[PDB]
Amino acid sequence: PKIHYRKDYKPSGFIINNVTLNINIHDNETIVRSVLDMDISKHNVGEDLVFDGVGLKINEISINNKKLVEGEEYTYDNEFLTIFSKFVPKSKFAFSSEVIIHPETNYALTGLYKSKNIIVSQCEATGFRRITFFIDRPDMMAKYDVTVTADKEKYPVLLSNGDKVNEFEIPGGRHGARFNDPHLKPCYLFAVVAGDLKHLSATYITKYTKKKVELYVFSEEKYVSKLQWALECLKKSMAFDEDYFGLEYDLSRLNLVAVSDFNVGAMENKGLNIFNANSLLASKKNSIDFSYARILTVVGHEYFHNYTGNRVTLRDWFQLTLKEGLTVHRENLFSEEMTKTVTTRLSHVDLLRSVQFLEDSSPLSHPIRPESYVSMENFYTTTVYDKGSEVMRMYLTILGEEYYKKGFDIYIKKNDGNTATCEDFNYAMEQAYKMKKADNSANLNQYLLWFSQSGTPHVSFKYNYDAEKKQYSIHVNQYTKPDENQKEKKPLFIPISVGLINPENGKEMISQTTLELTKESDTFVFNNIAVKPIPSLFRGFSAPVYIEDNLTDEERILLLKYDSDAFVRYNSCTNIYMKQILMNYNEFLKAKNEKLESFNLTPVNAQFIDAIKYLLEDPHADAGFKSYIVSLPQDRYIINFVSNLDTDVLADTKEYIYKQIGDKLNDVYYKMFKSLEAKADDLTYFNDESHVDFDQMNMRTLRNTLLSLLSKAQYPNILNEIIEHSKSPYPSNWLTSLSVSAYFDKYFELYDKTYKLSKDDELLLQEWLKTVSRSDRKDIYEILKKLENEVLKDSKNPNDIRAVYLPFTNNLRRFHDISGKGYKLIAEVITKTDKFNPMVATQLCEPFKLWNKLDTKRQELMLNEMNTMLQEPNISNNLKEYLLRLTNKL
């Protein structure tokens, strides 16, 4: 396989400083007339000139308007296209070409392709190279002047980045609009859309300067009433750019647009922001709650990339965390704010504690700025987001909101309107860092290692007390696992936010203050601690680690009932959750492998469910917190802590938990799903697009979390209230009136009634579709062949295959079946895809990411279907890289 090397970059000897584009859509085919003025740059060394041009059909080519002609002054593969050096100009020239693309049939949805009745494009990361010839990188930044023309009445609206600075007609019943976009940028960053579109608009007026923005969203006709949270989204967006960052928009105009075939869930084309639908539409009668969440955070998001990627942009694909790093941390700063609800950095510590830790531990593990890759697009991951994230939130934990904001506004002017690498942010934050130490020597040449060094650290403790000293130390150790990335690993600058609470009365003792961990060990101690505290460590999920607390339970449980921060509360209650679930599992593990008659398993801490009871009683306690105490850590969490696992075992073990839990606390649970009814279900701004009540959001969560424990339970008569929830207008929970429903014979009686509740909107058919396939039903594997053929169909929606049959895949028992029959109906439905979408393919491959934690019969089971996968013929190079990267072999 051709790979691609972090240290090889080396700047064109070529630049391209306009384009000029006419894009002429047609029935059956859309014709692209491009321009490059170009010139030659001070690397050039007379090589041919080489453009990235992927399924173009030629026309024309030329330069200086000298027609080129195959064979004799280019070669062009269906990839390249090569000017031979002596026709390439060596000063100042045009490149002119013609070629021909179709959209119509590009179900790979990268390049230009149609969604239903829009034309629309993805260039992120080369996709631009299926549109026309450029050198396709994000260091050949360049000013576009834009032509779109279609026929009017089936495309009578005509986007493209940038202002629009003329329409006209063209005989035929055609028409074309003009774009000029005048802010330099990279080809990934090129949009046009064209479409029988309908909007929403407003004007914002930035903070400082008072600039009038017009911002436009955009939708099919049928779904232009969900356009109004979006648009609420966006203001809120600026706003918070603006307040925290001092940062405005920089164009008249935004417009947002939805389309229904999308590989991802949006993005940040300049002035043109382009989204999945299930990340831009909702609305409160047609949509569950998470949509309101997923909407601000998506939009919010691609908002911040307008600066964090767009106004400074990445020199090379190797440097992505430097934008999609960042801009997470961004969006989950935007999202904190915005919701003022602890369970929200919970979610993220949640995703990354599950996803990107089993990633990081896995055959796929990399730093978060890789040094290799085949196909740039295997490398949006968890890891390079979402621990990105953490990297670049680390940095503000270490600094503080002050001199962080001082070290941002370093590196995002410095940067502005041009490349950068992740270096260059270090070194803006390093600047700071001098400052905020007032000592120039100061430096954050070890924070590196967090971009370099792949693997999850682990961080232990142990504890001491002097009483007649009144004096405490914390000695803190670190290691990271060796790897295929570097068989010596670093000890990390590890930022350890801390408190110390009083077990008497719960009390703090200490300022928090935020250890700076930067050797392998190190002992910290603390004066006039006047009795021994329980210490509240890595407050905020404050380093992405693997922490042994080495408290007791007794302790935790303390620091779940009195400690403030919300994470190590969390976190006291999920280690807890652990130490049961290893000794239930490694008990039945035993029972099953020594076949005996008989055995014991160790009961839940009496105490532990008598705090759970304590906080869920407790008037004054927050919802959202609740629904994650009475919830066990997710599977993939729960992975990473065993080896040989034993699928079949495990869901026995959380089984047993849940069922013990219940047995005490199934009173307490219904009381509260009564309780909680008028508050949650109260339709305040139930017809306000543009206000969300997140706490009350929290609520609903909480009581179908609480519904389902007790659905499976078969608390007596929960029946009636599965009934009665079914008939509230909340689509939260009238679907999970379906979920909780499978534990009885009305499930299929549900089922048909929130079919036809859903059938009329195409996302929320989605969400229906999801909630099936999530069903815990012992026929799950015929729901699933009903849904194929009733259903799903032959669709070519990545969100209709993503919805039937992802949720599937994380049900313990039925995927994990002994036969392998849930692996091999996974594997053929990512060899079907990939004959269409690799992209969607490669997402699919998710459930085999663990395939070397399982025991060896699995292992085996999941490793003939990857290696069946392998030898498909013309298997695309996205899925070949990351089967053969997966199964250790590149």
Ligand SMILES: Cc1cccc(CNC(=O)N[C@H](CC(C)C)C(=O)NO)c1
Contents of the next structure:
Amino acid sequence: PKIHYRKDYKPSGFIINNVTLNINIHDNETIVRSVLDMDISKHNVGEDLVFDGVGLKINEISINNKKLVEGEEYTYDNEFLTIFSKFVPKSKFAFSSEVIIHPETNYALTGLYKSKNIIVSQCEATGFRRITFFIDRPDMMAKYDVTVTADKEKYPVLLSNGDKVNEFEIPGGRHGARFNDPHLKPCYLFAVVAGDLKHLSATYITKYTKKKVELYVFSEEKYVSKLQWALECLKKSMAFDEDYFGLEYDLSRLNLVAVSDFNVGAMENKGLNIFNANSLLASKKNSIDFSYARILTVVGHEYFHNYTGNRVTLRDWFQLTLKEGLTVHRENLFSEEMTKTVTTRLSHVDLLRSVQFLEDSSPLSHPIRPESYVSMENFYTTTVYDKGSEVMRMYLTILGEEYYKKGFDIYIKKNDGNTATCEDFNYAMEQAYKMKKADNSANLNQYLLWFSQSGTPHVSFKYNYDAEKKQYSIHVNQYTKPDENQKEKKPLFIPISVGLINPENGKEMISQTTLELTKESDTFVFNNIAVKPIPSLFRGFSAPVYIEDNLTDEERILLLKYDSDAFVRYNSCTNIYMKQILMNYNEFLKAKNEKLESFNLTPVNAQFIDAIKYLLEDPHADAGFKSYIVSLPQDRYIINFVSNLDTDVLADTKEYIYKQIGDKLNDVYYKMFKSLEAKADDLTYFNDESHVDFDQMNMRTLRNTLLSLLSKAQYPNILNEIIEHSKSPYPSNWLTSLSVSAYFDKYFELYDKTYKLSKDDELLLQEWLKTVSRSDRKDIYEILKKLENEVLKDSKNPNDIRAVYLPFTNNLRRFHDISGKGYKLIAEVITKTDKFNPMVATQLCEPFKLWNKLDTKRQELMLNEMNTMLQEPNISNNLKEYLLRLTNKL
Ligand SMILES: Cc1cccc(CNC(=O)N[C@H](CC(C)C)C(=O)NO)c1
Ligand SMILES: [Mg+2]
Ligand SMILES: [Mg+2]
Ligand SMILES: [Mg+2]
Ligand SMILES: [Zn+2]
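Now show me the form solved in complex with this ligand; what you just gave was the form deposited without this ligand.
After this comes the whole thing, all chains and molecules, with the earlier chain placed first.
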């Protein structure tokens, strides 16, 4: 395989200053004419001029109006256009090409493609080369003049980046529009859209310079009614970047556009952000609650890239985390601010410690700045994004808000209009650190290990209290497991946000403080500690690590009830559940393997259950928080703690724990389910697509979590409640009625009822598909076949394929059926999908990432299917690299 290495970065021998494009859309072809105004750089050594260009049909090639001929002045192999050096000018020159491409058959959704009746582009990372020839790498920055032409009836709205400088008619019922983007950019930020689009618009006035910006949001006509919340979230995003970061938008217009067929969430093309419709479009009668959160985060994310990615871009793709990690951190800050609910930060932590920790213990483990790749696309990972965000967030923890803001401003100004590297960011943060420490010898050189070292650190603690001296010590150790990336792991700079709780009264004993652990181990000592405390460690989840608190369950319960920090409270609960899960798992496992006729199970701690009841009954405690405490840890979290995991044993473990707690709490759960109804399902704001009450949404979440618990329990007459719930105007509620009815004969009636409610809205139907797919049904395999035949059919829409299959893959009992039939079904979907969309096929590989954590029969079955996929003729480079890495061959 062709391997690119971070250390081998070199600047190009060429410069592209201006790009002038004419994109002429017709029914069965698009013609792209492109002039590149180029020059020779100071790094040039008279090399051949090599352009990326994939799947292009060449009409003509010229340099300075001299036609070039295949075999004589150039070669083209369908991937690279090579202009022999004799024909490459030695000073400024014009390169012209005209190629033909076919969006109407581009089902890979990269380059220029058709999504329903909209023509749209996706260029990040390597898509621009599928539109026209270029030196397709992010350090090749240029200014763009783009003309789009098309049939006017079919494609009345034409957009590209930047200012629309002209619009004109063309004979034969066509028309054109010309765009000028004045900001230098890499080609990955180019976009064009053509469609029969409708819009909502508003004018935003910037805070400092009072610049008028016209905001447009666009969709197909059918769904124009679903654009309003996106527009509001854009206004919120713009205000937040002004208010926190002092950053103002930099063009007269910003367009956001929803398309039905999109590989991921959205894309930050300058002035022309393009979204998966599931991440831009909602209405309260037609969307579940989680859509509102998702749109807020994704709009925010793309908007924040306008500085972190666009105005300051990447030197090379190994720097991906510099824009994605930093943008996710900005997006998280924004979301926390907008929602004002503690469950926001918790949700980010839950995702990291489940999916990202799994990745980091897998054969796919990489540092947030990888050292190599074959397909850069396989590095758009939860590591690069979510661990990257936690690495970006630790700078804020270490510096505090004022000095963090200073460092960020150093970075953003210094590198404006240019490329940057992770080192540039660390250098800016290090300038702030020196100022904070008032010591120009302080440095953050150790911090760089967070970019280069893979794997999750393990941090463990020991405590000692001397009552005569009123003196308390916290001794801390860190360990990272050696791996394929580093055989010897070095200690990191780990910030440990800490409090100390008095167990006698539940109160805070110290000003919160941040311990800076820089060695493999260290002991932090506190004086004037009046009684033995219970430590409150890694407040806010202050570093991306495995925490071993070495606390008793009695101490954990005291923190769950009385600590101030939502993460420590949640983590203390998590830890009590993990101790129980591992103990019961081992009990069940021994019983199974020893074929015992009788055995014991350790009961769930009765004081913990009493604590759960106390919190649930507190009318002043948070509804969202409550929903986390009655839920066991996610399976992907649990599996980080078990080797050779028997998934059936784990399923039996979780069922036993849930049943123990419900046997004590179900009546509490029912009383709460009823008592929360009035406030949860209040219709204030039901017609207001500009405002969401996130606390009220967390109440619905709690109700729906409780309803699931009671339904699984067969609580008496709960079917009555399920049927009433299916009549609620909130889709979150009526789709929950379908999933919780899985435990009853009424499931197929609710399946039909909710289908009819869902089938006329593309996105609501996809949410119905997910609801069916995750249903806890013994007959799930026959239900999947019914979805395939009756609803999915031949769809190539990634959202339809993902909706049908991914939730089902999280069904611990059924997906991991010891026959292997679950593994076979998903492997067939992967292979099928790879024939037209390699990026989506690699997404669908997700359940296989934990293969080497499973018991040896399941390991063998997963491995069999992975190797079968690898044998498929014409397997994509994306899928083949992924699977070779995952199976320890690469
Ligand atoms: C964790 C993670 C891995 C890969 C991709 C994503 C995010 N979904 C997106 O929409 N990502 C895009 C990538 C573009 C190249 C489409 C993004 O970062 N938009 O800013 C998450
Ligand atoms: Mg082609
Ligand atoms: Mg997010
Ligand atoms: Mg469709
Ligand atoms: Zn992004």
